[PDB]
Amino acid sequence: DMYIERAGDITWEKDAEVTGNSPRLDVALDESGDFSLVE
Amino acid sequence: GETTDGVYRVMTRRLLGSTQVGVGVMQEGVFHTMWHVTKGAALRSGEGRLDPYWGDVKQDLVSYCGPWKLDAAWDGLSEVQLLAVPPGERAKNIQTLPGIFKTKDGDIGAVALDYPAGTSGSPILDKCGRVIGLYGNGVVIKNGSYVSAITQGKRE
Ligand SMILES: C[C@@H](Oc1ccccc1C#N)C(N)=O
Ligand SMILES: C[C@H](Oc1ccccc1C#N)C(N)=O
Numbered sequence: 050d051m052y053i054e055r056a057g058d059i060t061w062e063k064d065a066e067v068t069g070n071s072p073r074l075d076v077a078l079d080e081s082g083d084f085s086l087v088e
Numbered sequence: 016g017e018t019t020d021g022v023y024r025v026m027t028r029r030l031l032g033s034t035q036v037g038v039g040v041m042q043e044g045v046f047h048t049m050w051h052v053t054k055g056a057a058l059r060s061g062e063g064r065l066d067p068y069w070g071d072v073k074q075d076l077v078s079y080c081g082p083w084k085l086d087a088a089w090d091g092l093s094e095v096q097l098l099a100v101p102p103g104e105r106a107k108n109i110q111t112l113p114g115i116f117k118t119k120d121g122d123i124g125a126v127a128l129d130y131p132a133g134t135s136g137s138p139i140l141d142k143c144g145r146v147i148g149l150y151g152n153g154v155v156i157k158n159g160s161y162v163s164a165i166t167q168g169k170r171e
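Protein chains in written order, with PDB author numbering: chain A, 50 to 88; chain B, 16 to 171.
What the hints contain is simulated information worked out from the structure, not anything from laboratory work.
Cβ atoms here follow ideal geometry from the backbone N, Cα and C, with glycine treated the same way.
Certain hints may be false.
[Stated by the list, open to error] Below, simulated DMTMM-like cross-link-like pairs (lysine to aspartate or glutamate); rule was C-alpha separation at most 25 Å, straight line: (1) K107/B / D141/B; (2) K119/B / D86/B; (3) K119/B / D83/A; (4) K169/B / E80/A; (5) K107/B / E94/B; (6) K117/B / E80/A; (7) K157/B / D75/A; (8) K73/B / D83/A; (9) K107/B / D120/B.
[Unchecked claim] Derived list of chain B stretches under chain A, where covered just means 3 residues or more per stretch with a C-beta under 8 Å from a C-beta of chain A: (10) 56-63; (11) 91-98.
Between the sequences and the hints, there should be enough to build the whole structure, so can you do that?
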């Protein structure tokens, strides 16, 4: 049985940790909602 | 139960102890999460019950108590923040410049940030604090790292 618990406000944080790259990828989305890489 | 706007953990007691299966957003009295998190099951909030209202396996989204309310979109240029809520850890904002998933039906923003699967449903925000989508449905690339789509619904 699933339950929810509050974890915070939804707010932009000034000076948050900045990380992650920005890849441009060719992808396909199937009927099951699963993404796959097209190559 | 609790209906205050904000980010919430989706928990279960079916397995060992209390396990976090995902995350969601409460906005305008509607709870929003990814379909793979709940599989469309009812949810509990204290003594109250949340029934599914709308869902779609292909979009991998579901809303509870009313229709999908989130309609902000990534502008295709600016940095965004993932408000990551990892299992057993405090909510934390992470800023990033999204990449792009290019599909036969158009382009979608993507965030290359890696978190446990139980972080699925954490919101991605624009600079105004608006939810432009949820984290947790994506792909594994050449190196083995994860890239999630910026998954957004449609506000009817
Ligand atoms: C835009 C995207 O498909 C969607 C359309 C509407 C709502 C959600 C999604 C997803 N995921 C695509 N594959 O191009
Ligand atoms: C590779 C995939 O990982 C995720 C799934 C959903 C959300 C985040 C991640 C990550 N990181 C899995 N567990 O199969």
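Hints versus structure:
1. At most 25 Å may separate the alpha-carbon atoms for a hinted pair to count; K107/B and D141/B meet this at roughly 15 Å.
2. Pair hint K119/B plus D86/B holds up; C-alpha atoms about 22 Å apart against a cutoff of 25 Å.
3. Using a Cα cut-off of 25 Å, the hinted pair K119/B and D83/A holds, with the two alpha carbons roughly 15 Å apart.
4. This hinted pair checks out: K169/B and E80/A have alpha carbons roughly 18 Å apart, not beyond 25 Å.
5. With a CA separation close to 16 Å, the supplied pair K107/B and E94/B stays within the 25 Å bound.
6. Note on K117/B and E80/A: the hinted pairing holds, with a Cα-Cα distance of about 17 Å set against a maximum of 25 Å.
7. For the given pair, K157/B sits about 13 Å from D75/A by alpha-carbon distance, which is consistent with the 25 Å threshold.
8. Simply put, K73/B and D83/A have alpha-carbon atoms about 8 Å apart, close enough for the 25 Å limit, and the pair holds.
9. For the suggested pair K107/B and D120/B, the alpha carbons sit about 33 Å apart, so the restraint of at most 25 Å is broken.
10. Here the segment 56-63 of chain B counts 5 residues with a CB under 8 Å from a CB of chain A, which clears the bar of 3, and the coverage holds.
11. Figure legend: the segment 91-98 of chain B, annotated as covered by chain A; annotation consistent (3 residues with Cβ-Cβ distances under 8 Å, at least 3 required).
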